[PDB]
Amino acid sequence: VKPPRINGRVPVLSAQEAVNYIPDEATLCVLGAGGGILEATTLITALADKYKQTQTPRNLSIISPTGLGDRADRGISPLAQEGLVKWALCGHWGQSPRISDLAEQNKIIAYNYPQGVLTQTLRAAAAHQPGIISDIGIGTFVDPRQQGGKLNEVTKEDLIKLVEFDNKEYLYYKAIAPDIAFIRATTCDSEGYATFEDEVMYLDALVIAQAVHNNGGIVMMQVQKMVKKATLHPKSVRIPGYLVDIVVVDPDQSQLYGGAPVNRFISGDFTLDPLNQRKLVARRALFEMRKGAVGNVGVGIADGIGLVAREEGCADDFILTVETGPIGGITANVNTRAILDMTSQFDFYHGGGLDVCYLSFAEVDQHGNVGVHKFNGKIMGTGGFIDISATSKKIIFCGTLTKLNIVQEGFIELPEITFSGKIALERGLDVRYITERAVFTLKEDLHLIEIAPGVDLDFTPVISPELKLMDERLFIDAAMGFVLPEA
Amino acid sequence: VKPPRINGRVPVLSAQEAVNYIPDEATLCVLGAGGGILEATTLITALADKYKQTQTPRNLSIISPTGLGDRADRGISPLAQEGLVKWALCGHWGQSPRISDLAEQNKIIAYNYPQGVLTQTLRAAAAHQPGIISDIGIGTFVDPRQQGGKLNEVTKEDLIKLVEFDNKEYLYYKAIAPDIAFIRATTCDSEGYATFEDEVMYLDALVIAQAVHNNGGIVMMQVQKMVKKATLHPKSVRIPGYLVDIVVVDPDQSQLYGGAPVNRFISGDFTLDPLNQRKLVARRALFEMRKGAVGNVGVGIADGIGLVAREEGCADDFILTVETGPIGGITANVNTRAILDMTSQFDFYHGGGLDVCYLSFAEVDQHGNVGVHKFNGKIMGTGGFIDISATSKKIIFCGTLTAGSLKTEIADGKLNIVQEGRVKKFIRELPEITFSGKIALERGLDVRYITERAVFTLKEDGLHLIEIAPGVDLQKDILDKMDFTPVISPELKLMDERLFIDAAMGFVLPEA
Amino acid sequence: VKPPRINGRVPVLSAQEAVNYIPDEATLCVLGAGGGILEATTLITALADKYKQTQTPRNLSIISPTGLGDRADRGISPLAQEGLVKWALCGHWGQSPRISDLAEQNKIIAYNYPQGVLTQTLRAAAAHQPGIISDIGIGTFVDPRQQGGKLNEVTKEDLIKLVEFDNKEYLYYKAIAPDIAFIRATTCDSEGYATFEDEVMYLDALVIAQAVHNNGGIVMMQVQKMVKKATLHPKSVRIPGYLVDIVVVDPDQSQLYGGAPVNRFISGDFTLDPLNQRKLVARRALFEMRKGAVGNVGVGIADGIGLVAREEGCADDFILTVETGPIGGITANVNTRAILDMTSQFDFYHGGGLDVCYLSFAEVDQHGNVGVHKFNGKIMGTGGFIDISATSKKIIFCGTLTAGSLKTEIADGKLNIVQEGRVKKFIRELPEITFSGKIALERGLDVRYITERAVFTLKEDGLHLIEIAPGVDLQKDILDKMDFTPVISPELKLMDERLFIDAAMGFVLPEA
Amino acid sequence: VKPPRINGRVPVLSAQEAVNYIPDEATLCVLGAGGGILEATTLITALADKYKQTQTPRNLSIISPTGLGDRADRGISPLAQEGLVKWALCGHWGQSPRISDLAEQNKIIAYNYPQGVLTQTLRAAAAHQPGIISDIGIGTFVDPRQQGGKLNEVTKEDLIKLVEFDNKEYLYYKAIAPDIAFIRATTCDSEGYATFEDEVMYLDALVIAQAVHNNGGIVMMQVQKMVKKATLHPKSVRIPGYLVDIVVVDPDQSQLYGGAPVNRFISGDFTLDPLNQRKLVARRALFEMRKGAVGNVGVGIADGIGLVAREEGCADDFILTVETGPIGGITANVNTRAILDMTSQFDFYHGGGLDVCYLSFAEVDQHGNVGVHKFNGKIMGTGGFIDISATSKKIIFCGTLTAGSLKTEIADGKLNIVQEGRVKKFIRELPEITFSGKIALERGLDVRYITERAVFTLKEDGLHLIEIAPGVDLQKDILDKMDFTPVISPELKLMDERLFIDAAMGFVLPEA
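Residue numbers (the UniProt record's numbering), protein chains in the order written: chain A, 4 to 276, 284 to 341, 349 to 419, 431 to 438, 443 to 444, 446 to 478, 480 to 491, 500 to 529; chain B, 4 to 276, 284 to 341, 349 to 529; chain C, 4 to 276, 284 to 341, 349 to 529; chain D, 4 to 276, 284 to 341, 349 to 529.
FYI, nobody ran anything at the bench for these hints, they're computed from the structure.
Don't take every hint at face value.
As the list claims (entries may be wrong) - Calculated pairs, DSS-like style, for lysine-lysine (alpha carbon to alpha carbon, straight line, at most 30 Å):
#1 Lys510/D to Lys431/D
#2 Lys177/B to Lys171/A
#3 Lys455/D to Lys177/C
#4 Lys232/C to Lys411/D
#5 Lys89/A to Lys53/A
#6 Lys455/D to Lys431/D
#7 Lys228/C to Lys301/D
#8 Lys231/D to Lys231/A
#9 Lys231/A to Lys5/A
#10 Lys177/B to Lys411/A
#11 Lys177/A to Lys410/A
#12 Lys231/A to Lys301/A
#13 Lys177/D to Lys177/C
#14 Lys231/D to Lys289/B
#15 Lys5/B to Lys164/A
#16 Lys431/C to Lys411/C
#17 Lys171/A to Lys410/A
#18 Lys231/B to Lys5/B
#19 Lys301/D to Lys232/B
#20 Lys301/A to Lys228/B
#21 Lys301/A to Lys231/C
#22 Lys431/B to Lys395/B
#23 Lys164/A to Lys164/B
#24 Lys476/D to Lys410/C
#25 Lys5/C to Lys411/D
#26 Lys232/A to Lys301/C
#27 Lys171/C to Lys455/C
#28 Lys89/D to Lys164/D
#29 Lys232/A to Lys410/B
#30 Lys301/C to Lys228/D
#31 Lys171/C to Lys177/D
#32 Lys228/A to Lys455/D
#33 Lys110/C to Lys395/C
#34 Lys476/D to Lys301/D
Turn these sequences into a full structure, and let the hints steer you where they fit.
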């Protein structure tokens, strides 16, 4: 049941009224990325409040293409009340740790498709396609020969199955359509046609809306304001109105968590005018970059690469993309060069568009496997880790091993795999592991190729004949005078 | 061997120099729709001329997501020189008929994937997905149990394969990545970052660019002008520059064929302030609409529905979408409400987005199958016909009862046949199916067949005649003009009298 | 002595640092209108703070083209600290009453040019013209044959002079240039090039900047943000950067007083989707309008005309302009049709551009002179009252017949005076003239006086009572309440019954 | 009598129908500048055609704020049919030489107000101000003590009068309001509200519309297209619709003469990515520039300064303004920084806003007076010459020392006069003064005369020769070629060697 469009106008309701249309066991899809990006907060809030006050609705399933929240009690963490959620499928998990706590305690069924694949299966679902065939995730925990993307004991049902085409290895991910969507835009007209002029980006708002709509579901959309019918520029409209069933107006909608007023640099409308360890790793990771290369800097210790490039005066010489869609820009970015929808960005990543990718690691093993989705008994999920480390041309892992000077000190077989060293070699990709103290490469036979100066050399890694001390410049609090390799 | 990017700048070349980068046997993907929409004309012209002069390159494969050209010698027709093209996969075939001539004569390998599916497989190819699973096409010529999308005898290889998931039948369409793209935008910066502010629409420019790029191919993009680096609005940039390898600047780039200067109504930047058998059909088709319904703008005899709605004062009460991406608007539309990329539009169509679907028909058989992709010995191809007739809630076929110069006069509230068509369209068994009556009933759909003299509905026991035009004889003008006998409804009535009167009907649109 | 441009960049300072560049006896010009419109609040606040703390700078002269503030302690009230200002020339005095207090108590030299004339003289001063010649103000207190615009006893120097050209009388207003400007924009680039995309309007920001710049003065500009050199759209730039000497950035800059977030309907970027005595006057005033006429949004009892016209469904048949530049719109208005600079708006008014103008009155005398600039012991000033009442085609004064705790009921299609007002507004002779009955008649203008109980028209032999409210006695409620004897029109009629009925009047707007 | 607005809609007519509304002896004001900038060509064309065909209307007065045309038969040259025009006031005359021919031949009454003053008197007329007071033009041919701005024998009525304020001399220029306007914009809505998004600039379109409107006249506006009411951005609207009486829609409207399609760099929407005597002068002119200074380069031998500054690497370190309103930019110009209305630009100029100005000369006399409005028996007029040379801080005259097929070659770091000019330009006494040496010295301005072979500076005792070109002989090439004796500076020196070498100079811009 959904409210009728009186005189063709989309129903405008309060968040409280809107969430009362969600029935028991509905499948709820939540648009958004970290730190409030494109998040319909009033809808999440009103739902959490309704279950707190009435213990309804019951046993919902959640689909979260990416990780919402503040790595604490925001995002979808408020929906982690027992009996509200029974089932969850997310591209990233640690960003709303109250949800992943439940999965950890076997309280809910829990899957993790790669974030890229997951948004693709929503787009498939919009078109009533049963699933998608991808080699993304072969040889990692999402492979049914391993965990099948299941995150805990209680998760039984198979969603991913192995298939064959051209006598070759592919995964088939089942496409699940949601019943309910919490989406958001900046502005919409009286018929629901929506533009995103002040939003940080687009994510997969249109895909989510289509997937829900074509499932006979209810799309609920939060906006900051509404305008007169047919007055928005048709080339700015990202969501056609007939896809939207309920609009919630939040006049105090903020681009990000924190309630700062609209920033038009962030909107994209104007052009804006310490030698620690993180920086050292950042610094060294930049050595892997070249002119004309398309890269991606990951969530974590790598994030400082752009700043190092700016300092070394080579930032314009290459381009860094963001998995959620923004291309280029400086530190939400400003002065971006383009913004794609999230799904299309992953389309680009899957076919090996990235020349260089920079990823964090929680654990590494003797086979060159990398673990990030699970560490210390806690569920993080992948985010876009697998989308990016599967087919990218050069893969640069970054993190601490546990003149340099190691004050207070603290690389293992992995209980679960997020990146397969073996699959990477067979695809013929160059793999690095950059550390505070030493730098490895992966080979058929992990070759130590470099070690930190001021240091002394669960498994034994080969050793390079060229085994060297890392660039000295890397260790002075001055300008490295770095030069970006040619194209 | 794409040319290097001097200091980050995308190489700018003449169309002539750009096509010299096309080697023998390359797969060429051509962006564009009918009448010049988003067509990189100079790049087509440069390849056609290079072949005319040198007989190189040779044995190219062509992918055309939709039909380019003017139903004559424009579009990719200039590419139909013998030896240039050996293989072609197109969403529509009649728009560049010189190419469909080669297919007709078995000179080339020729496939017709449904247009929507086709552009989705290109998107799949960008992600290096092997193919897509879809039930779009089941029980029609694209089904391997029928023709498997092959258009002639010479076409042998199976690209479409029957598969099963969740106890359901689906088709697996192989995804093929191109090596070369002819794409287009209005403007790009010095690094290739491209906007479409004056383009009629977007189509699947980005998808093609990604598909070719990730296949190690060479993306060639025509633009009207180039601007300083990083001065375009990031939210207007549809194609990131690292996807583009060669830019061709054509200062005389036109929005459509014809050479007309830029029309900023067509651009989207400004708001703009005869009763014959075609209007007749359009009028009766509008009766199928309701308030709040989502329909498609039809190609052919259905194209008059918008104008009739405007005349009847109900145009604002429902929404018509164009297959290639535009949504709403009036007569290139102006005053559109949104423009989606073509692929997303078909995503929406395939999931049953349309409440009402309006399509032409060349032929209808006794099972209520419909044919448009082949007739009169010619290859027309699907366009989006299968993408839209597969899962729309109401499927409304529109056309005259006979073909071949049918002439009628509407006078005195009557239909008068002054010159009958030479060809029967309502035949016994379609040689080849574009739409399955059986599959529509299975999917629970509501099927109408509107003609100028009669209206039918598809039931389980076949076509029911439900309305007959005043002025027309049931036996001589209908039964005699069909190769099968339809069930005659006990509820058979005269077509609404207001339909045949040359004044506004005072039509009231049914409630949502 | 101004700060140097380092590397071609306009210096950016804090408000506190910026105002240290203001010497003793500088002439300071303050941009802005009521309730925070285009007000450089940080600069005013900083100047005020510096004086409070240090008792410098001293003996400034102030130019305020219009009235800033909230009729209380905001606007330039902070600048009324004894010793800071010695001299002020303002188009409006009541909006910052702490300053008007200083004038009333004879503590400063105080002048009132008509607001429109005032901004034209600043524009003259930019060009180094010594003054302007205008008939605006002839026959009023700004006429040197009365008060010469001087507001108190201590003000002596004649700024206004009577002159003659083509055998006609004109005023010559002396053009005075300021030394300092406090201006504002939404955004500027690194060289000071400034746009107004989120501002309520433009006022005379460019004119002020030019007048100060060409006087060797210091232009200080508050903005919300700054952007990269040469990245703003050239057609959006209202102030060339070389006119700006100091930029202050206030990222919390608010469109209006009250610190609300930017409202994009107010910016102009998006299109927005009880019968008391004030409504009665507004209703009767609406009868003076006709299709296609241009009027002015009035301030006071008139300002509900727009809302009455919307209730009656004729709001789109004519157009209301705001003296400060905005044209059209609804209740900062939204959905405006245009925004002119303020000086240009007044050029239009002065040449008789208004078909109809609506104005409040505090007092009317027997010659039909109207007084608003001073009354009840207080200095209010003119605003644009004189610029508008000087030459508009129809001049419609609106107000109640008596004042001070007047209470009326509109019941049973009647006016009932439950409590008569204390103060008679219709007096024998104005102490000071803001509008001249004599001059308007010389100019051939149609002058109305609309009260809740009576309507008059100015003729050669004085006010003619032309209409009287139902429910009111001629002798007791009108004649005994005026200090002169109006002529009774032989066609004396009841005011239209519909005015006093709490339902839509079915008013039909007269034809163009 | 204007045609009625139907339902509030501005009448749309053909140019032919539109000009039919012009009666005999109407005063016609024509918007536009050189080369088709903002020219309502269809309206000029249609008025010219009508007179040719009908010898009506008769005896029109013309006001042309600046010079329209191509120095031949375009612009208002088609209006030169004998008996159509009897009277003309223009800011520049040479641009439509068929009209200036009529004046030379004494067939019409003919005046030249300085271009800036002229546009300012139109603005004054909008406000019903009788005229303006300005010292712009004192001591020149526009000064009544000389020619009072009258260009021939038949012109007798005094429009300009000497006056006095504050013990200083000023000119009083009569403000004349036109009866008809030919204006132009890019786009307007159905009520006349007009945007200039693709126009080269704005000029004084609004001032013209207000002047004519407030004179009971008819405002005719050519546009490229029309749009639905109230859909234009209110901050983009430059002309309120109620000022426009007739619209003529020309879908083929072109930004400039020559019919090129719209150029969006010229619109302002996008950022665009030989050693001879003229380059020599431009180079020596550049020596006069300083960091952060505001200049204007004039049409003529100086116009190469921008390109030189780009070649030398200092183009971004100062700003050049165009008299008609555009600020900054490169070769119409693109990448502009701002565009002002023309009148405001001249306000800025009149108040001494220019640090440096570059102007051409046709003649110089022993007093350092300069002539350009008449020479060789032809009326050229002033353009902005007087507005710019009257008060700018530094005035740099640029030209050759002789005229009349002068041929020079620059070789071996020397100038070589290969064929000496026929005509001496440095003469004993100017027949008529465009710029006065005395007044400039009285105003304390720095005055330079740069030629290809010699540089002079103005002083109390006349011109000082301060620099001489290498390769040139003082006596034979300079003294023998002037009809007066200059002071030879004791500090006389060779002109910078670098000027004369066919490589970048390594010029470094001084900061004062």
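Each hint tested on the structure:
no., hint, result
1, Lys510/D to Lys431/D, "14 Å, holds"
2, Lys177/B to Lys171/A, "13 Å, holds"
3, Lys455/D to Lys177/C, "28 Å, holds"
4, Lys232/C to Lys411/D, "27 Å, holds"
5, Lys89/A to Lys53/A, "17 Å, holds"
6, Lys455/D to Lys431/D, "34 Å, violated"
7, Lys228/C to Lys301/D, "26 Å, holds"
8, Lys231/D to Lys231/A, "15 Å, holds"
9, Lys231/A to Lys5/A, "23 Å, holds"
10, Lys177/B to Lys411/A, "29 Å, holds"
11, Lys177/A to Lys410/A, "28 Å, holds"
12, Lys231/A to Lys301/A, "48 Å, violated"
13, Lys177/D to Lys177/C, "19 Å, holds"
14, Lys231/D to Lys289/B, "28 Å, holds"
15, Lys5/B to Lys164/A, "39 Å, violated"
16, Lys431/C to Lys411/C, "28 Å, holds"
17, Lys171/A to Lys410/A, "21 Å, holds"
18, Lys231/B to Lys5/B, "23 Å, holds"
19, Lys301/D to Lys232/B, "27 Å, holds"
20, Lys301/A to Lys228/B, "26 Å, holds"
21, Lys301/A to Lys231/C, "25 Å, holds"
22, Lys431/B to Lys395/B, "34 Å, violated"
23, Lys164/A to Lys164/B, "19 Å, holds"
24, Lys476/D to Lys410/C, "56 Å, violated"
25, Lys5/C to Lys411/D, "22 Å, holds"
26, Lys232/A to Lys301/C, "27 Å, holds"
27, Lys171/C to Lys455/C, "16 Å, holds"
28, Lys89/D to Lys164/D, "23 Å, holds"
29, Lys232/A to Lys410/B, "27 Å, holds"
30, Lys301/C to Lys228/D, "25 Å, holds"
31, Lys171/C to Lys177/D, "13 Å, holds"
32, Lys228/A to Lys455/D, "65 Å, violated"
33, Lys110/C to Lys395/C, "14 Å, holds"
34, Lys476/D to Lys301/D, "26 Å, holds"
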